[PDB]
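The chain below stands alone and is given in structure tokens; this is the form deposited in one PDB entry.
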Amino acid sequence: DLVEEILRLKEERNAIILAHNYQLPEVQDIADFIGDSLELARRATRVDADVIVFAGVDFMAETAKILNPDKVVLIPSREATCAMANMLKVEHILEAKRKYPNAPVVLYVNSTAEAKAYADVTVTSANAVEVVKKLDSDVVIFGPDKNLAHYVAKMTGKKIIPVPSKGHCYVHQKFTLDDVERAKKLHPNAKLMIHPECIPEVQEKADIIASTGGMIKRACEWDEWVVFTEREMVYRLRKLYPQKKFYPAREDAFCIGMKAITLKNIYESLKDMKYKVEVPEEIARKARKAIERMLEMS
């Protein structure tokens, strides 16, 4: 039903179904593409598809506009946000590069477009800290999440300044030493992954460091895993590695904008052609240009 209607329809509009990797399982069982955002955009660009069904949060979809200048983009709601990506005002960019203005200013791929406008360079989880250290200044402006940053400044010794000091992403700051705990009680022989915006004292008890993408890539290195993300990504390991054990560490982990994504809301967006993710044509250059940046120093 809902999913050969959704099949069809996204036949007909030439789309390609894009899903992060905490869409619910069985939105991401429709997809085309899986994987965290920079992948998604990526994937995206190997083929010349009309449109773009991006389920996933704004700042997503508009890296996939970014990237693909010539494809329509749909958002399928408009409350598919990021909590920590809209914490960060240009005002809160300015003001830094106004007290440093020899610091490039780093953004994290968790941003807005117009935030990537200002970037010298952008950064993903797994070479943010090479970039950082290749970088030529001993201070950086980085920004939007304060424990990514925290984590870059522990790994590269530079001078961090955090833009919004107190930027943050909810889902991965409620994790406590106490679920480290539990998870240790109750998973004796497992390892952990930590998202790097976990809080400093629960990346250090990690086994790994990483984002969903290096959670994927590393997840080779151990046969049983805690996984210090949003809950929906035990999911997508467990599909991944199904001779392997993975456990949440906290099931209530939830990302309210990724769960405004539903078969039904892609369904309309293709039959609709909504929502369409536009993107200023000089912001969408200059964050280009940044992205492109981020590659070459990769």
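Heads up, when I say rigid core I mean the largest set of C-alphas that superpose within 1.5 Å between the two forms. Numbering follows the first chain given and starts at 1. Compared with the form deposited in another entry:
- Put simply, after the core is superposed between the two forms, 42 is the one residue in 259, 42, 238, 250 with a Cα shift of at least 2 angstroms.
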Contents of the next structure:
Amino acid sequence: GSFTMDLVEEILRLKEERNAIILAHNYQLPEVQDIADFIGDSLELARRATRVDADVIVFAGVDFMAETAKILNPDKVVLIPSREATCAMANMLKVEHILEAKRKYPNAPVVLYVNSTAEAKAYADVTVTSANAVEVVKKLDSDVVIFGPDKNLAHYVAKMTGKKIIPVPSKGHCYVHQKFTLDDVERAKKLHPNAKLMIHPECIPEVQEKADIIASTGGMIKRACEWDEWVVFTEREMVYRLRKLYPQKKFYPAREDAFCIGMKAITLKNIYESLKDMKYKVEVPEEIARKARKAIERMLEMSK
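Cool, the form deposited in one PDB entry is there; where's the form deposited in another entry?
What follows is just the one chain, with no partners and no other molecules.
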């Protein structure tokens, strides 16, 4: 025929030529999810980064996720397709906040959400995601923990563990999940009265309290078998992921306008350019990476 390769076919060829794997988060654009080799939540992506056979990881996700992959694979090439694929919440936490909390509470473990810089993780005893924060905090040998950046996840963890949570920084939150309100709950239950509500713990507490399930995006997928219709209180591309996994169920976005700008910095074109030009190489200074790795490895040890 007269036709050549499209972007998809160019990516498939370059993935072979580079001996690469494409890891994608659940919030990636559908056409990006459709070319990824592995799709998952933050915890699943971290765990998958410990069994990489490929030489090159193309990370279709935000900065903190790609850096976590690099911390776990210091001697592989990790590429982020855009350096503007960033998490607003992760960048709210600075080392100075951690040091001030550690001064007040020297015996409190420092528990950092994976939404954090590698520099911040160098001061963590253990990392967590929304999938394992409760389990990890419950197991830590202290009735008080320093925890951040997300104050809404912190609220959920405090409620479920009964432990005292010292927030770092004071007001960390995700603007995407803050778009969900009680009015969205009322509208969803009116429009879809037979649906159950799956709600991310980055949503505000009063919205969390309306959930049928509170879960990470990975837990939403794991627990979707519990009902046939769901309203999805997280970033709207999760609806595509759930529909692909369970075509027989019904999924509805809680808000179509719940979009993560950083996630959508990743495009098919820049994934192609990432493989073609071997960019942008993610690097983490060795001293930071080794300390961060200790905290991430401990997380993986404490939650299977």
